[PDB]
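Of the protein chains in this complex, all but one are displayed in their positions.
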Amino acid sequence: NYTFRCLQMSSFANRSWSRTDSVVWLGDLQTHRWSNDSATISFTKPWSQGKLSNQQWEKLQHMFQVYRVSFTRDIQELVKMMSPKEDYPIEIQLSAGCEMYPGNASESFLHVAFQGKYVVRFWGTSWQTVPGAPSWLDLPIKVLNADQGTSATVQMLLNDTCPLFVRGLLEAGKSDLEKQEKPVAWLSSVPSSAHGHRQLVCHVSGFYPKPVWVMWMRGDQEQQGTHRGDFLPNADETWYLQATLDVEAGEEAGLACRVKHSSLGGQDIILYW
Amino acid sequence: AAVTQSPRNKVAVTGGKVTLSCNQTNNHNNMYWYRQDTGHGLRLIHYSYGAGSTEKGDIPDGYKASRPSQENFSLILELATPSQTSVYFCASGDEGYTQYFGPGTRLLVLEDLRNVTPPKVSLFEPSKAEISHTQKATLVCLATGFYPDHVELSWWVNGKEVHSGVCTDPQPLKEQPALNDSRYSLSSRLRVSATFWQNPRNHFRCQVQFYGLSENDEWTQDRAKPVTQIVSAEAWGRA
Amino acid sequence: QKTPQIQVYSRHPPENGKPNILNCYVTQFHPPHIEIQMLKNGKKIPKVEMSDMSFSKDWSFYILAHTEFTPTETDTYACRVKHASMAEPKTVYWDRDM
Partner (left out) sequence: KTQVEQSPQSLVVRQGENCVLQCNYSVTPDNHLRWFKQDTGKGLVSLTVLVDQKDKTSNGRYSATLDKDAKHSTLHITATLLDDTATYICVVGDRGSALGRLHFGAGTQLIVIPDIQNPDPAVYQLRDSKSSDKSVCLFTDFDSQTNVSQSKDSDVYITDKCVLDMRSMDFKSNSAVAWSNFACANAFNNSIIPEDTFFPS
């Protein structure tokens, strides 16, 4: 199952100044970029057009080009409409796309955040506020819901265009999506808030896809103190992760770091301290 | 959804203050002011999304907007100039795209008021020759000697306005076309059946609403202050 | 305003004298206006590459800076971030041992 996410970030500093920047993700791989500075959407993969014809893509891009200009003016007008309730600066974020399921099933979404809080979604045939949203948004919602033309376009984008487009992306991008890249590991140590303790670190870098297993071990004994950090990105669309273990000084000998990953084909990495 | 404007017509002097008012009882949040000039489409001056809200349109310079209530939206010309001679339109609307337009306000800003003069109005009764030849009777109304040309001529039979059988000249003519501030004349006709004119219970009146000075406009000349006023002439039908 | 987390790490196992790539991953910040500098010996490294800014499920922003570098015994490497949520710039030093 793959989640396709179009992420829009719009900054409005005052009545005049604004910028909108967008990035598009299929799972954890970037497929598009659209800088405020660019008239056109940029492909970040050879296969980013999916299975759309040039005419289909040009038409879709045109719709987005009109959207970006229109969106900018609409926010500026909505600010005037709610004045002086809401003032600049304002950040608006959109997360739109679809989650793809086996055998023609999918679910689409369009979520909107205002000053970093999820307040609005498109659902069914209209815009609605979500639980916890402030009441003043009822007027913007009323105004947005008066626009039958936007409602029809969004319904089509979410219900039809998104799943169809992504199905083609998954076919076109298969070899990248299914790539296997091997982890490389290395060990190191530091002192950590310690009377006489140390912190061993097992570094694992360059693996794809994300799922990985990293454990400190003495023989066959999985050391339960193993703390694995967050998954951190490398610039080459691989992943980095480190697993730490807080141990007593002069008790490092015997410890090893074991790494299991789909790319290794059963041949685990074992690094002895 | 109705919208009203006041005044409907205004003659002002350069440097004077003019307020154009718009009223709507539709409970519309949104109101809009435009001006219409020959060779241009309507152009947005100011608009408002509710009481206390005023926003600049495309051509806001020389105008101030005021939205004291949901009902009322005013356009204020603090220091009127001749460039603001125009027809002004107000509109209102709710969240939907439709703008409901008022009937418009004609504004003339003169450099000076010294030549402002109300009309003389004369009613000319039907020729007995026309009656015998056509079995119809044309009355003619003549408004003369007025300045500027902001007049509304209307016909009234038995205290009710008539439109059928009426035609008024599309523009006033100049009495002295050589002179800079020539006075104007305007004519109108009302044509009725001979039997209608012949009925002595039928009271005919030609009315000219003249737009001139207000109460608060200064007047330094000896002649009567040429204020906004109605001038009319009348005649009864006769066998 | 959430305060930026900064993580500094190498792409490959660090070896003195050997070309490598240094990553600076800045997360959990908002608003998105941010200045990120990668430093060698406290001096701004030129030609640092930036990912496109993006945001997570929770709506907080993140971005990845990276640069070619050659570890040595003597040279220090750091990532310096300026953000409205902090009175002073925050600097995180690359520690190969961490």
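General remarks:
By letter and in written order, the chains are A, B and C; residue numbering begins at 1 in each of them.
Assume contacts are C-beta pairs under 8 Å (C-beta built on N, C-alpha and C of every residue); 3 or more make two chains touch, one makes a residue touch a chain.
Only one residue from B:19, B:70, B:72 or B:138 touches the chain missing from this view: B:138. The residue touching the chain not shown here, chosen from A:82, A:130 or A:146, is A:146. Only one residue from B:51, B:79 or B:173 touches the chain missing from this view: B:173.
Interface residues of chain A facing the missing partner chain: 66, 70, 73-74, 77-78, 143-144, 146-150. For chain B, the list of residues touching the undisplayed chain reads 29-30, 39-44, 89, 93-97, 99, 101-104, 106, 122-127, 129-130, 133-134, 136, 138-140, 142, 164-170, 173, 175, 177, 185, 187, 189-193, 233-235.
Simple rule for what comes next: only the chains that are shown with their structure count from here on.
Note on chain placement: the centre of chain A and the centre of chain B lie 64 Å apart, centres being C-alpha means. Each chain gets one centre point, the mean of its Cα atoms, and the points for chain A and chain C are 20 Å apart. Shared interface positions of chain C, defined as residues touching 2 or more other chains, are absent. The touching residues of chain B, when paired with chain A in their complex, are 49-50, 53, 55, 95-97.
By the touch rule above, chain A contacts chain C in their complex via residues 7, 9, 11, 21, 23, 25, 30, 33, 35, 89, 91, 93, 113, 116-118, 184, 186, 188-190, 201, 203, 205-206, 230, 232-236, 240, 242.
Taken together, the chain A residues at the contact with chain B in this complex read 80-81, 83, 139, 142-143, 145-146.
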